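Only one chain is given next, in structure tokens, and it is the form deposited in one PDB entry.
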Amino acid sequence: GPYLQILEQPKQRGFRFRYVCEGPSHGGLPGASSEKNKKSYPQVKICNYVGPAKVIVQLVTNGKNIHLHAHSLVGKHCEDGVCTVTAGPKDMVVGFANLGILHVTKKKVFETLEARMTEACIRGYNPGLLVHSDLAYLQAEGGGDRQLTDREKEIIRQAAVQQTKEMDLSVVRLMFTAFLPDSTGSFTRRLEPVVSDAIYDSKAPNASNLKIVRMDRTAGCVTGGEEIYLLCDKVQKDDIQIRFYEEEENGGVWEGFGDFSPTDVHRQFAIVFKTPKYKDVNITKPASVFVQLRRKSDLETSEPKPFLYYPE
């Protein structure tokens, strides 16, 4: 039967979540292949069905238990945190550009979560899957307006109080839900929604972009233990590593880490370290290796920089 397939996922890292105070129009959530000039965006595709339909996007949690996220989606076609756009009549592919991720305050988690749960219940956008199964009977029953009862508000507040202590404000996910038309033509037939890759805030120190801005000495001796200063982006002294590596044997790898202490990490932006020992200390020609910044917890690679080992 018909389903929804994510053609291009959003970029997991590099995007910066912004609060209401930071202002508007600061960038759109880019695609996984959104290099400079080759600006791409998250794309989905409704398969096994040809014709006009609608696609909604909502923010969900990163944990095993999928639930609504207090963060919102801001931009055009987005109202109250949900972005709704009509798919092409023939191009069953849908792209999402100019999507910002509104970061909520920790104190304003409960308030925003409850408000957007109320919205998701009045609009019937997967009420039982994200809030609570007790309200999984509101699959757009009726046309348009769907006033809520008193017990339904009770369930909303119960789900909100329980999901406040379990929400990571630094990571979100995209849930794409497709809606196929019915008899009257209104988009109401809901197929299985699909969750996107995890989206990590750039303001989170454990998931930012690892970049080697500058190095004082770009070429050391094959012996090693030479002091080098590396100016970098924001890194955590207890969760940072400087890795020299070279591809060898056409398949094999050579690693080697700089010997530095967390005290040598100067205020998250600079590291004074010492070069490790190379393989062939009895080398004859200067060998070329790459250097990167690797997070010990995430094992995330920084963009490598050239480095050279010279004999003595």
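Basically, rigid core = biggest C-alpha set you can superpose within 1.5 Å across the two forms. Residue numbers count along the first chain shown, from 1. What changes on going to the form deposited in another entry:
Once the cores line up, the CA of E192 ends up less than 2 angstroms apart between these two forms. Once the rigid core is overlaid between these two forms, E154 does not reach a Cα shift of 2 Å, moving by less than that. Treated as two rigid bodies, the chain shows a rotation of the smaller part against the larger of 14° between these two forms, based on C-alpha superposition.
Next up, can you give the form deposited in another entry of this protein, since the form deposited in one PDB entry came first?
The text that comes after this line covers the one chain and nothing more.
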């Protein structure tokens, strides 16, 4: 049966949600495989054609049951947190370049959410899926839906009250929904919507871009127990660790860990630790390895810093 598929997925880490105050984002949500040598943006295609359609993107949460998020996708074909673009006659590939994510404050959550659920329900933007398991019975587009009843508005309120409590403002997903032409003109054949993978705010303490900016000693004697002051960018004391390693590739490469306690991490921007023992014992010659910060929650890592062990 005809369908919607994501070609270019959105990249999970590295992009920052912006608050209204910050100004626009410089670029937009990037694609999973982007890099400076050659950048990229999220992309989807409607398989099995099924007539020139329209595609809507929306921000949903990262939970057991995907509901509406209170942050908003901002961009050219975007309005009220919902983006809407058309699938031209011949080309069924839709790309999403310059997509910003707008970050709401905890104050304006319930507020924004209630409106999103209101507009979703009247505009047929998947009310049973995202809003409440029992509502706005049916989808479609601009022909077969309109003004709400008290019971509904009421259901919409209890939903926003609860869901405001269970929303993470650090993680977000993209939901794409396509509409094939019903009757004549009126797009309304909604193909099953598909949710992208999680996108985490790089300004979130646990999804931050890890970095070693400078360390007092960049070489140490084989053994290790030499105290080193390392200055980094914001890290979480009970989740960070210093990883010394040697990329021998063909086999089990080397790996050791700087020694310290959570109390040694000074105000999130520095760690005073003690070097670990090189290749168990050692004698060698000056053996080069790398140092890096790594999060034990998600094993995400910082750019490497070259270290150098020297015999005794």
